[PDB]
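As structure tokens, one chain now follows by itself in the form deposited in one PDB entry.
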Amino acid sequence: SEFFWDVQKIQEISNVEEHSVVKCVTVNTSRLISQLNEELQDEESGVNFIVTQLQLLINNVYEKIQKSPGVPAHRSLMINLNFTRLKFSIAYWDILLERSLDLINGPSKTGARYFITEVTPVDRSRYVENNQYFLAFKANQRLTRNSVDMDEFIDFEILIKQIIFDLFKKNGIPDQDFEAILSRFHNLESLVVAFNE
């Protein structure tokens, strides 16, 4: 019914992940927290209040970021809801944030990802650029996504022979014709197309 968050400022964490933009939003939760303990008798009743407050925050913060001269463009937008105080366990916040996102259908759900953390004095943009293990993890991530370890699989030739004999069997092709046909089409791509088009 009212906005109990105090959204203080929006900053970028500059060097997280090349295909995403990461925004860090400092939210003062003191006002929200005093609503809970002062005026909420039961957990069930308070859960629904937090969910509602979370949808208000998500909508407010997404909207603010879209008016601000920051072009997500092709890159994924991830929004870090950085709470001055969590009060309860991060694990309940992760549940409640996911459940709140599950109810929203507007653009703030489909246009961004969110996660909650607690404010600390440590500078995170410095950490991301100083941490070598992090750098090594991303380089290895892209190397493994764009490479195939062929040893982990069995010989492709075994599979190709299987498909060939099936096609030939399927399409009424005698052994005395195998040679001419394999000399016309030089891989499964050509062979399969020649049989279905």
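Only residues modelled in both forms are compared. Residue numbers count along the first chain shown, from 1. If you superpose the two forms and keep the largest set of C-alpha atoms that fall within 1.5 Å, you have the rigid core. Compared with the form deposited in another entry:
In the core-superposed comparison between the two forms, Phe153 has its Cα shifted by at least 2 Å. Taken over residues common to both forms, the rigid core alignment between the two forms yields 142-145, 150-154 as runs of three or more consecutive residues whose Cα atoms shift by 2 Å or more.
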Given for the second form:
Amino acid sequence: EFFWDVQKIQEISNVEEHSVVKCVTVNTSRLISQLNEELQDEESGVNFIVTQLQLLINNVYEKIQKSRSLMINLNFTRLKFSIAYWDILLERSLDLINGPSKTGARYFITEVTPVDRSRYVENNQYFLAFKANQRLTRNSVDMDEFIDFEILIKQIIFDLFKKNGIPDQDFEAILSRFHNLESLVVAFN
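Could I have the structure of this protein in the form deposited in another entry, to go alongside the form deposited in one PDB entry above?
Lone chain follows.
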């Protein structure tokens, strides 16, 4: 029992440098109809969608195996319910799933719009500027100017001397043999 209509899948390039984004256009008219007619009560409908989401996720990930990090966009033709409920049902489905599809890829649900998403990624000024921003953030050193390393190093030195029982007379000779905390800590360990 499979109520999803999987249509064309396309790779949207240049979204994020360290991930491959594949967009899967899915038709939901069959599943939406079954929700209105077959499962009138709410309780049965929630399990219906969750069990169907597990079918869709496994079948979509399966088509990509035989086809970085894999980001799979489940692009639904119609979202009758709010996307807030879809983000909940997608997490519930992934929690229930055991196997390669849950671990191998990341999934997010969007609604089909006439706007070309491959153009926005390559053209929009703010999208391009932020992708360049977060490319430099992994190695950011912006916080260091607020930190006073000299005060911290002085505290680590005194604690280390206090724990090893070193008297004040030995401070000059020890600090002249070892020039930074890296050498000082390994010397007393």
